[PDB]
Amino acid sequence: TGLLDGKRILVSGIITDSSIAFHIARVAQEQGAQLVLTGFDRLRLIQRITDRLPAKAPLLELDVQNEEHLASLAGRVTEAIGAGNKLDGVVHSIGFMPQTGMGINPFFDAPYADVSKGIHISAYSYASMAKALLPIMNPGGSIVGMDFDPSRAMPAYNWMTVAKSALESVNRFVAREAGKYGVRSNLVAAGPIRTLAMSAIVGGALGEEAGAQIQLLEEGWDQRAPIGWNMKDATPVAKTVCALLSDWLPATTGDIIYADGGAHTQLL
């Protein structure tokens, strides 16, 4: 038993055991929830990884860009959980953006073909996923997607910041749409965690200039954060997503709950 006792919670976005999505699943499982895991394309590969999760959770295939995947979604999920049973949650830990609009390549240069590829998988997909799953959700259910404070412009995040900013706005509209089924829609704003990707830029893969600009940024995050910030530990972020998936915040919708050590409230 536990925080997520008896709840059937869906969790997408696991590609490795460093994924925030992997930690959300691990913690969600410990807390008692029953998971239905979805994976992009490396099905036999990420399968192996989902084997690390304390409990077995049926892996289903889901490319958010494909309406064939979306359509089948609710359907498979039902077979995944059972007939009669419905979903208590949906976790959208999906975020993409080709190097063209994120990082060392300039802001003005990133072409729309890529920007749009990020805005479709990062921002929009939240909607289409709320769209495909909402019907099979019990009232009182919760849908929570990841965010990264787009309020102020920062170097490198460039177009991925813009796609996240669009994400928050979408959150609000899905919120009233989810309202009709009793579901809540919320977004979590974490500080940088070191997934494969971040370890990459850190160690000069991007190079000197970049690896530093981001180093200091991660560095400063700890400066301002009152209870500090531990970028090599996602457990604080997993815990937060689980709380939002519980009966303890039954009134927050179209909202954003920050889990970045409060770094965003301090200036220095």
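Residue numbers count along the first chain shown, from 1. So that the term is clear: the rigid core is the largest set of C-alpha atoms that superpose within 1.5 Å between two forms. What changes on going to the form deposited in another entry:
No residue of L206, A243, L60, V27 other than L206 has its CA displaced by 2 Å or more between these two forms when the core is superposed.
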Given for the second form:
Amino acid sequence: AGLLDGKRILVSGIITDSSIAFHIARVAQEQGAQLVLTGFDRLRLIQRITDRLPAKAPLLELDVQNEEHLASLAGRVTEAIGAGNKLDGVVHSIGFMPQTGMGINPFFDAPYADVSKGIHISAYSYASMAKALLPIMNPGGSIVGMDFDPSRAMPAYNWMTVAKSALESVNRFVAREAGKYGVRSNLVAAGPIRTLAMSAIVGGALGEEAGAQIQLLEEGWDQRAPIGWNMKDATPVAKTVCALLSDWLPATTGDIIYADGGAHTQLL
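Coords for the form deposited in another entry, given the form deposited in one PDB entry:
Single chain only below; no partners, no other molecules.
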């Protein structure tokens, strides 16, 4: 087969080989997709990493907070997939929040600026990628972003939770605009995954207490999941994003798909 046979998907947000984008990309490729990657600030590093990928892919630099990068994106993508072709899928796997809006530092103490940097990169950027790529997408195209159920407060993820609730609200508006092009836009809500970043944190980088709390959120997750939750295998999330990028979920947009072991549907 190739669930994504002959499709053209752009993928963003690869840093290390434990980035969730990294896995989405790998599975996408085993699934016949043909990619184009974007990276942020360590390009040679992302470059080196991305080679272990099952197959080659052009890599474009893109700082989601950069006007030009954005203005030039579609141009650059077409040079690479080559003129005459369009995108079938776009993945927004990116996000960020200053240390101050998140860890240990109390909720009221994060200054708006940091918080705004956060919302800029984490939520607003979904809109900007859309606006930039939509003109080059085929109908039936699919835009997907990564979420973390912000629907109930929790410790430590402070303002980042605020930025995900804002992201979920942007998705519904992006869905309205994308539909005029025949394109879907949805999010995926993942359970906690031991990414590099997370590791450092349960490892005590945002402070001891923050770490202990995450660590506990993490264990509550697998207890509650009727099918369990393994924080060290991003696989089950990759596959979902893949399902969404394909043609099998054709009537769903401005929506959230929970890839979290069923944890959110159980109280305890």
